[PDB]
Amino acid sequence: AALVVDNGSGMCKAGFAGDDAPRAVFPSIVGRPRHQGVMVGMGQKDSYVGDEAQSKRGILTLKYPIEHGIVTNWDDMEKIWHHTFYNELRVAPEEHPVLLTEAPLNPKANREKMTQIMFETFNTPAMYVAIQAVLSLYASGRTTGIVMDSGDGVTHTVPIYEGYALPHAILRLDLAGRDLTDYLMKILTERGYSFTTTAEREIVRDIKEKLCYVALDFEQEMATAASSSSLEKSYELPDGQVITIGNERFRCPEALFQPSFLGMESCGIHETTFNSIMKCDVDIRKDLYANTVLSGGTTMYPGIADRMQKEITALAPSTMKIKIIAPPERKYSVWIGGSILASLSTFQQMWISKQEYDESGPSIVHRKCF
Amino acid sequence: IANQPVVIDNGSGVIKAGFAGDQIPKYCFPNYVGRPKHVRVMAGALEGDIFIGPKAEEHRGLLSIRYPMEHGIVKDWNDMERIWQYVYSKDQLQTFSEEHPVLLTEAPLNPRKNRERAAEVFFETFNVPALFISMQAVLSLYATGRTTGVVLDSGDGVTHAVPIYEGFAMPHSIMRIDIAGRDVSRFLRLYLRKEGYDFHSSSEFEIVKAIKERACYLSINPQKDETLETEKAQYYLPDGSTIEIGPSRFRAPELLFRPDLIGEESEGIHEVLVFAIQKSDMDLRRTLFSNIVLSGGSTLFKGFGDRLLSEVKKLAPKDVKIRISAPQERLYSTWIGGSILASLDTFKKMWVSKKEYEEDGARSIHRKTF
Amino acid sequence: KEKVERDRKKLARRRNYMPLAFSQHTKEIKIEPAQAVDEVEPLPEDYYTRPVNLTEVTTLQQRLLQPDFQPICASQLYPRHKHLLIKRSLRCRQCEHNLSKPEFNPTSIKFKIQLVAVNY
Amino acid sequence: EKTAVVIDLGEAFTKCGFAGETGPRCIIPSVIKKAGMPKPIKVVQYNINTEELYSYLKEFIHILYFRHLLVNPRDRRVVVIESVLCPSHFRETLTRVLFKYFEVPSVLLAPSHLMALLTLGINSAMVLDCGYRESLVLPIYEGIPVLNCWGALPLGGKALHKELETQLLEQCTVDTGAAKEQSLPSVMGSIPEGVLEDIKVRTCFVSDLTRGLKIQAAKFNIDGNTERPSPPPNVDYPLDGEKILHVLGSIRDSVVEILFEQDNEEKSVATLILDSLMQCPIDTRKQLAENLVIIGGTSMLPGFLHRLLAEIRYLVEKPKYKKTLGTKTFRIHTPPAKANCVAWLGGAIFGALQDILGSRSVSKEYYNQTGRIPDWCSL
Ligand SMILES: Nc1ncnc2c1ncn2[C@@H]1O[C@H](COP(=O)(O)OP(=O)(O)OP(=O)(O)O)[C@@H](O)[C@H]1O
Ligand SMILES: Nc1ncnc2c1ncn2[C@@H]1O[C@H](COP(=O)(O)OP(=O)(O)O)[C@@H](O)[C@H]1O
Ligand SMILES: Nc1ncnc2c1ncn2[C@@H]1O[C@H](COP(=O)(O)OP(=O)(O)O)[C@@H](O)[C@H]1O
Ligand SMILES: [Zn+2]
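Residue numbers (the authors' numbering), protein chains in the order written: chain H, 6 to 375; chain I, 7 to 376; chain Y, 157 to 182, 219 to 312; chain J, 12 to 390.
Pulled out of the complex, with its shape left as it was, chain H reads as follows:
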């Protein structure tokens, strides 16, 4: 009996260890109302969380507590974890030990303060923080190979060979789902359809998930988009109003492969995956090309795998065979790994206990992280 709780910037995936898929999946947001001095009606919650805030988007100002895999407002994150254990999962945190997930190369204060809350506020019996990328490999039953776990908050590239990780080869890029969502708003505003508010940004994320797809040749796709209106698809908003996004459909996910569009002055998700493999030892490169995994929900774009293969193959040597690993459950790839890890009898020892926390302090986490 143990709890796996993925603390993703976009969506918080929580559930019991051993189960196939996560029990409760809700958007990680806190909804505070745009209140005036006028008195409010009955059935009023001071701050709404998750699926409740997703229902009452109209009035509530949606504030994401985790920004680029860094917890900015801890009071907000506490209210999400309270919604996770007590309401969503229907379980006491004192009974079950809780596994959390942190992105690699995050600030040290993040891991420090995270565990402090779990030990003091919720009074958990044991707490282990893990790298999202390390878990994602277990999903595919692969010990060897690199992963390109692109989330809503961040995208990170962690090469692991024969159950041994290369820490110095790890590269983090701040370009992620929320930056693409923010980019899609700007180009939709250029077409005509203006989306400004926090509630409207959530509707633009629903537009992104459904329509947007990765093009094989961007320049070739822009030529077909100009000539014919075949790529132009219609989407119905919450309001009866319908919109035809056009070429901006395949223009949004292009930002992943060339950040110049967003204006970050950084390497693309294809180029960073190559650079990470080159930073590793020369011998093991072979297996990393052969076992390139794509994880998170930012790798569920239709035809990212095809475009990824093409771009890596061009950069990589001709003799090498480049196979991209795209399992059907990419969105729940971080959690399903956690469920496999927590269930294993070997992992029982690796848990950090309250007694261990009390004596040493919150600094113990940095030793027993990975």
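Warning: the hint list may mix true and false statements.
[Stated by the list, open to error] One side only, chain I facing chain J, incomplete, derived with CB under 7 Å: (1) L234; (2) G269; (3) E270; (4) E273.
[To be verified] Calculated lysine to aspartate or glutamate pairs in the EDC-like style (CA-CA distance at most 20 Å, straight line): (5) I:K285 x H:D187; (6) J:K225 x Y:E237; (7) I:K96 x I:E126; (8) Y:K165 x J:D366; (9) J:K254 x J:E192; (10) H:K68 x I:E270; (11) H:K50 x Y:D163; (12) Y:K166 x H:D51; (13) H:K191 x H:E167; (14) I:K43 x I:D82; (15) J:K173 x I:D204; (16) I:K285 x H:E270; (17) H:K359 x H:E125; (18) I:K43 x J:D274; (19) I:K285 x H:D179; (20) J:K69 x J:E103; (21) J:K331 x I:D85; (22) Y:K166 x H:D80.
[Said to hold, decoys possible] Derived list of chain J stretches under chain Y, where covered just means 3 residues or more per stretch with a C-beta under 8 Å from a C-beta of chain Y: (23) 57-71; (24) 122-134; (25) 332-346; (26) 364-376.
Source of the hints: derived by calculation from the structure; they are not laboratory data.
Even for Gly, the Cβ is constructed at its ideal location relative to N, Cα and C.
Using the hints, position chains I, Y and J with the ligands against chain H.
Showing chains I, Y and J with the ligands alone in chain H's frame:
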């Protein structure tokens, strides 16, 4: 054609026209179409069903005001064509549009359909030699005569902050919010009804804009002025009747700096300025704080510069020099910039010829913009 | 529920323990909301081409005296029970008592404590 | 605790009674009969001196708490229903009267629109309030009034009463009873507001959209020869006993049209819902449209709800509202109490909640200390 170019500012509130030779705009009239309020069947009433600028101001109470441009976007194009036709009337300028070339001043990050249709009208309806769409912010710097400078241009329709350093505008650091002078006029009408004076009519909305422009001071501390008993300064209406404004005077334009009070999800005028600087690169931040320029009519509020300086200082880093350099001609700054730009021999290269638009296509106007 | 939430929040502020978890934290009544009609009943075609007798329809004054279901027609308008009247007793700010009336004010012109400016 | 009293001070009529009741106990014209004055002065009057307003409200509240309701004012709480954007000095005075003179325990200044929503039970709904002075609309989404997307036009009782008086004076046909069997015009210079109100209620009705649209173009006479529908029969109304006013059939179905007339601006009682709904947040559109509420005594007028809902669906197809509000299903809520007494019923339902009332409501001890009533303006 060598004959003098005609600058025209597309201000949502007030459109400012004139020749490039003039130091100031000779002809500047309100941007609204005036039709008779009662649907005219009979003779001896207001004939034509069109009253623009000074003719409208004379017979204002009889007519019904309808603004053609909202939030820096043209809603009714038929109305805007009549307005631009009145610019080339016997009343203002008194010239052929076919002879003189034109310069438009569209707000930043507007819809591309707005720019394309604006060009189509000025090339097809009027037989213009050449047209050039420009950004309102870039012009404001030419007027003042400095290359580096952030331009907080608070218009009637839209308030936007564009950072430009050494003649280089960062397009990602641009910030645009719809809460502008027109919204302040709308919110003042609500507070005037809370004082007990209704301005229900579209004509009666114009005198609320006059009340705002005459008497509305921005308090340095809003909470202290609320507790203090007001003088209740009397304003005289067109009919002759007096109205005591009282606390509505100062707590109306406050909604610029704090738009959450009414319940509008926006950043605020102090916030968009700071955010635009913070979004730009770290090296430039100090110079961009050291060079801020106020543009448009919604900066002329009494004690605006006093409040903004205080509200920017607390958000901005400690011990940083913040100079908010307002010109004396803030309202007419955007046009004077265009008048200087138009006069230069470089402008001859920048504009798009009528034959160029026929051959090249639609993109011609967009690609030459920058 | 709001009272319990407001009480729990207030005693936590009064305690000033910074929401210290000593113990474990955390039947429903559900009303169905009224169904919205697609089209409300139109004005009956009788109203067009029919003489209106002002005797049959009721005036505002007599309409509003029966507020629970103020009927347009006279045949619907039922007689309401007679309104009870009040027996006033005066008490001052500085002074306590001043004047009052008996317990049998019905068919009586006697004051329990007679006090008036003309009587001093 | 005692059952808290509910008062709702309006320009035409005031609703009064006790909390946890099916409807209001007393509903009466908001006036007072002062010695010397032949016509009684109106108790609520905006933009006058505070001392003169204080005396009128002191006189009125006294009549409500003794002649209409029979209960001690100091003993039990108050739930004052007043519309949003009610003038500052008026609301400040009304509270100051209740707290100083009557010495009430605590007053709760509820907005009429949010109270009207409670009566149905639905958490989110659009609320139109066609009153005496102004016909106001205010979207309420899940307990939060959206002041950003407010709307008001002077197309209520006062604007309708004035329109009736004007039309009657043009086609004036009275039988004085002094060789006045022949049509006699404007024997009386002005008609008293009490008569005009009684004519409006009994004689005048709201026409169908099809017939109404013809009436609009008919009286305009826009290059057409007698293109009006057949009016109802002329109704004879007694004035001050002997004088019998013959009301023309045209006046009955034309007087109402001033509310639903476009008048170039595109500003009717119908348009005000769609003007507000278009300005609302994009997520809230479909929920508010589906849950419409029509309160106010002006909407009691026979066949108003059918004309409004029809006029809405016609103005939807108009090119301005066709893009945003094109494929929306507008459905009206039928509240439990009558259209006049929806506002009051909410305050009573709220007044029955003794636990929440005491907390939200402003206590006298707070007012005596501070002297600052909380409002939707800045503090
Ligand atoms: N099918 C999809 N196609 C395209 N984009 C998607 C799709 N599903 C989700 N997204 C986008 O990618 C993000 C994926 O977030 P996800 O559910 O993987 O959680 P997360 O916060 O990224 O967690 P983690 O960092 O642990 O992977 C969403 O926020 C959304 O913006
Ligand atoms: N002296 C003034 N004081 C206060 N507000 C003013 C003053 N002059 C103009 N305004 C406001 O600013 C508006 C003018 O905006 P303007 O500068 O013409 O915009 P744009 O830059 O788009 O042309 C007016 O409609 C009014 O709301
Ligand atoms: N039962 C009714 N039938 C028809 N018209 C009514 C009825 N009750 C009131 N009215 C009219 O509608 C108006 C409603 O005003 P009301 O809502 O009571 O006032 P306020 O808006 O000041 O609160 C009255 O002035 C009257 O002209
Ligand atoms: Zn005494």
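Outcome of the hint check:
no. : hint            : result
1   : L234            : violated (13 Å)
2   : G269            : holds (5 Å)
3   : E270            : holds (6 Å)
4   : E273            : violated (16 Å)
5   : I:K285 x H:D187 : holds (14 Å)
6   : J:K225 x Y:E237 : holds (17 Å)
7   : I:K96 x I:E126  : violated (24 Å)
8   : Y:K165 x J:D366 : holds (15 Å)
9   : J:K254 x J:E192 : holds (10 Å)
10  : H:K68 x I:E270  : holds (15 Å)
11  : H:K50 x Y:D163  : holds (15 Å)
12  : Y:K166 x H:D51  : holds (14 Å)
13  : H:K191 x H:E167 : violated (44 Å)
14  : I:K43 x I:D82   : holds (19 Å)
15  : J:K173 x I:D204 : holds (18 Å)
16  : I:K285 x H:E270 : holds (14 Å)
17  : H:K359 x H:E125 : holds (9 Å)
18  : I:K43 x J:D274  : holds (6 Å)
19  : I:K285 x H:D179 : holds (15 Å)
20  : J:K69 x J:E103  : holds (14 Å)
21  : J:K331 x I:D85  : holds (14 Å)
22  : Y:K166 x H:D80  : holds (18 Å)
23  : 57-71           : violated (count 0)
24  : 122-134         : holds (count 4)
25  : 332-346         : holds (count 6)
26  : 364-376         : holds (count 3)
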